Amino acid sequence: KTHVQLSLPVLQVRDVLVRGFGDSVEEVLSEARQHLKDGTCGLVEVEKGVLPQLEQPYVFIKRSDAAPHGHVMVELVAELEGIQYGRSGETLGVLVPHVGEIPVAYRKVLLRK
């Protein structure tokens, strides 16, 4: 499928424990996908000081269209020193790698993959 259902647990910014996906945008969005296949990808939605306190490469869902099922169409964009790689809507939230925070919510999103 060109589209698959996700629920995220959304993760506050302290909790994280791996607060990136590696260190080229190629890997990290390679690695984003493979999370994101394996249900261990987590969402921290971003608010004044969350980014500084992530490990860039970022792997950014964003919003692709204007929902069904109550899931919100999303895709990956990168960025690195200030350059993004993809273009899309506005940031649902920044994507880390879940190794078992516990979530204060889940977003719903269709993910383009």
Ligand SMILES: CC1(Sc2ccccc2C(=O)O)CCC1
Contents of the next structure:
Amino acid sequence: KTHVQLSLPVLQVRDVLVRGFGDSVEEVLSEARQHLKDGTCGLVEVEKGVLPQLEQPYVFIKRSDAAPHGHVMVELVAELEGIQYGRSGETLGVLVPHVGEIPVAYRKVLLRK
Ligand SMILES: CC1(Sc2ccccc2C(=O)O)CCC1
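Condition change, the form deposited without the named molecule to the form deposited with the named molecule bound:
All chains and molecules follow, beginning with the one already shown.
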């Protein structure tokens, strides 16, 4: 399938134990994709103060289209020192490893795979 339906647990930035996927744009995009498959990927919503508390490179999910079955269509866009690798819509948040943190909510997304 080109698209996959996922329910991503939304985590509080201060609860997050592992604050990024790695050290290169190519690595964070690979680890992000792997965690999304193993269902070990969380989502932190981007506000004032949130990105400085997380490790670059960032991986964002951004809106790719305007929502089958309640699931918003999104795609992966890494960012490193102000440059993004990818081009897409509004940020739904930043992806992080999930290692058992209690979510505040769930975000239903359709991921281009
Ligand atoms: C990481 C995809 S692939 C995927 C994701 C979750 C569950 C199953 C699969 C699969 O390929 O079968 C979404 C990012 C590319």
